[PDB]
Each structure stands twice: as structure tokens, then as C-alpha cells.
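What follows is a single chain, given as C-alpha cells, in the form deposited without the partner chain.
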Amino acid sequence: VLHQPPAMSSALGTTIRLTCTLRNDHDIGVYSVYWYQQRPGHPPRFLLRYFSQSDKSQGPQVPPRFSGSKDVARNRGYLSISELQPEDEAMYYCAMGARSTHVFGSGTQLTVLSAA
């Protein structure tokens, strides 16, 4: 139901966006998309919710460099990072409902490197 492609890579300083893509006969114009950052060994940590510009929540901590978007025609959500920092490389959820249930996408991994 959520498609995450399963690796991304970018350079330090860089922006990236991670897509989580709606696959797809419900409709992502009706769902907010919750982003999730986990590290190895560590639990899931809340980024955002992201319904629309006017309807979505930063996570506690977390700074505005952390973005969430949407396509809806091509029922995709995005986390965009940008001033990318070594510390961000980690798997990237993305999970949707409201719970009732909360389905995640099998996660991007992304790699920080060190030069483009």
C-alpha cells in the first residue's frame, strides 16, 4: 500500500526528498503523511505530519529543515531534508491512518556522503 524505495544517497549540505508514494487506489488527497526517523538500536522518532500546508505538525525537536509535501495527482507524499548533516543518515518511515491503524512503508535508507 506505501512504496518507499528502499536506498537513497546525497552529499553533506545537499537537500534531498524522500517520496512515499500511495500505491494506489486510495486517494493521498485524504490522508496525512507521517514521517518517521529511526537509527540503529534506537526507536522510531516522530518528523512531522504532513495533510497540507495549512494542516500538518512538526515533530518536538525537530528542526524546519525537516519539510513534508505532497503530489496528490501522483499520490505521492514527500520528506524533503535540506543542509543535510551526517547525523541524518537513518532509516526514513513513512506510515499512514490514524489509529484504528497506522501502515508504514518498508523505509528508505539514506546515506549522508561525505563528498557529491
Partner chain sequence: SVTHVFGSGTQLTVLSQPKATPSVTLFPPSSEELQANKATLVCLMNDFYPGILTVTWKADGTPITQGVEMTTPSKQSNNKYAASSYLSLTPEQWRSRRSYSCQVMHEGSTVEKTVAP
Second form
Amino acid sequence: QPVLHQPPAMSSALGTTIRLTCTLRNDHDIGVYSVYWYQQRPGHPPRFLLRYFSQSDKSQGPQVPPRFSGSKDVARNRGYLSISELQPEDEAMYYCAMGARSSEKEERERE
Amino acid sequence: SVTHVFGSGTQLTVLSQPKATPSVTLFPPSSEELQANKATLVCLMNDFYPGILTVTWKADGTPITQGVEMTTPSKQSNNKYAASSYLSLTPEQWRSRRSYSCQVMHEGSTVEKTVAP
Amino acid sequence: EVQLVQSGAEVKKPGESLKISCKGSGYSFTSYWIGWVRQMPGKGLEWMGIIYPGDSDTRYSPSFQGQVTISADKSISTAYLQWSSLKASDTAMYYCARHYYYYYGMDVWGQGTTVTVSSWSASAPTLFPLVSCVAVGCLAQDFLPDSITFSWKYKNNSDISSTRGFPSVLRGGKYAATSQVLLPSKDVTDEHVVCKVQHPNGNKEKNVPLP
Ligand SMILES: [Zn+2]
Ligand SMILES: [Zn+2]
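To complete the pair, please output the form deposited with the partner chain bound; the form deposited without the partner chain was given just before.
Every chain and every other molecule in the complex is listed next, the one we just looked at coming first.
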């Protein structure tokens, strides 16, 4: 079981809303990490969709529509990407990442 | 351990067209190639939807997991996905057995094409 | 406005050395970290390393340390990735990207630089028919780089639009792909049907025997 789990595949009808799931392995607590999402259509470079820590701590990518939204299921160690009004151009590979912003130490190379 | 790790990613498919079964085809090794001591099976799977499918080759029923190369379902202009699968062998193996299948599976359905020398 | 532009595509033999570049514009280059992400064909993203153009603090990912070398020229707002001895397995696309406020998210992405490393050398494609005896195809094999384009033709000099192209496959260091024509059964009128292709290393026709 890796640190981050995403189901490999998903489908849904146009006009609809799906939720994508990024599950952080239980050796860590999502309560401190931020969830990041990237989109990548076939043959294109990834593009940063959004960052979500809480309703009061989030950021949308360069020119990413509001129909892409993030949420966090702390209790279930889950990060979510919700996409409403599903459109043909939403058809892509979606990658998640997670950043604590409180990663340190490593003074074990300078006594 | 998080920090700088990308998930494996979810392939999100948007369903915008009626379900369709693929028109599968199988092509045995050519000349110029067969008498060049090299075999290669071609299996083209076009005009389907959704663009999700899996290929299982099977010689005389028994599967083949050796030299099985497959392309990714690309979208054509008409808006139906296409695909290709190649199988490498020796002209000794080509005539040796008798059966060669391109068992395609799409949304439950199992189409199958067979050819022999 | 804010962008990262990467050098052109690359084709190299194993053991050669390589240096690709990623130039940024529209923002304060020395103020943001620039990472490099590798994406092998048909696979996901891999964080390779990161560099801070302000002072060139450079860091590497565990499975990339000692394999590659990241650097940066502040003056020309350019970041760099570099190999000493290329290996077949290094064949992949390479992205650079800018970190954001969320210093661990890459918000701006270069367009990518693909690098192909084959033991074989660049060559013109080879052709061959695809019959059984139903449709009929004509394939292409043994060629480099991936920059081919198919074209068919009847026995007489005339075009066909009853044709489509299938993606290319990397096998043994060379590429391959096919293209198939479908035709009305009511014939055997004819014997063959020309199969022409284009490539940077040579473009040849051929014929295609129909049942
Ligand atoms: Zn907690
Ligand atoms: Zn520094």
C-alpha cells in the first residue's frame, strides 16, 4: 500500500459531478497535509488545478474554473477533487500530491 | 513518504456518446517478413466507445504473455476510440500450433478473432 | 505572461551526454524553486530534483541522486538538467516546473522535452502488407525518430480516404505502426493497392495485395 492511493479509472456523464479520491496512507494524518491536484490531457503537460487545506485555506490554479473544487475528509484520511458540469475537456489523467509545509530535520549530516 | 510524491493518478473518462462494441481485426505475419525468419501478429480494434478495453492473446486456448505490445486507445475524428496490438514470434512457432486469438474485452463483451496459415 | 519554455526534442545513443534547458519569463526567476519531473512513456510523474535559482541550492530525489545534474544561470533565467552517460531507460519526457507559495506545488509547467535513447540509429521505415484470407492493412517497422505519416493509393494513381492511423510502438530501439484500408467485398477487378509513407530519414511507397 503506497503513501497515496488513487483508483486508476473512472467514468461519468456530461453535465454531471464526480468526486476523485486521493487517500493518504494511515501512517500519516491528513489533518496536517494539503491536497494538490494536477490535470493532464493525452499528449499535454500537467497543469496545476488547485490546492486545498480547509475552506479557509485554499488556492485555485492560474485560470481554473470554480467547477473544480477541493475538500478533505479528515476522518477518512481523504482528499477530494469535485468536478461539476462534466465536460469532454475534463477527460484526462488526474494526479494528486500532498504537502505538509512542516517537513524538516536532516541535521544528521552536520553533527 | 508524501512530500514530492505524485499519486498514480485516476484516468477520468467522460461518457458523451452511446456505448459501442469494437470492430476487431487480426492479421497474420506478412511475406518479406515470414521468409525473413520473423513473425508478427497485428490486431486492430477501432470504432468503439468508451475508449476502455483489454486484450488477451491466447494460442490454442492457452494465454500468451511474451512479446505482447499494445498501444493506448486513441480517439479518432468521428469520435470513436481505436487501438492496436502486436504479437512477436518465430515462423517456426507460427506454423507449429494452429490457433491464435485476439480476445478483446469491452464493457463485459468478449469479441474474438482467430487466424491460421 | 508567466511561462517556462523548454529546449527541443532529443535523439541520442546510449553513453552520449545530454543537456536540456528550461527558460523562464514573466516573473522573478530567482524567487521560486524550479523542479524537474520525469514522465516515461505511458507512466505517471516522477519528481527528480529541485533548484533555487537565487543561490542554486540544488536537491535530488533518492532514485535520481548521482544519475543527473540540475543547475541554473540566474542572468539568463535558465534552469538545466543534464546527463553524463545516457541509458536506454532514460527515454522519457522531461518537465520543469515552478513551485508556488505552497512551496510544494508546481503551479507553472514547461511544455516538456522528450528524449529518446536507442541503441539503434535513426533510419527510414520498412514496409509490409497485412492480409489473411475482412479488411487489409500495411505496416511500418524499424525507424527513428517517431515522425512518420501514412498514405494509400489504388493500383491506378488515385487517393483513398477509407484510411486511419494507429499510434506507434517502441520495440528493440525502433518504432512501428500500421494503417488499414477497408473496401467493398464485391471485386474478385484488381490485385494490389499502393502503400506510401513519409519519414525524415526516407520515404518509400509499396504495394498491397488484396484477396
Ligand atoms: Zn488528525
Ligand atoms: Zn538558499
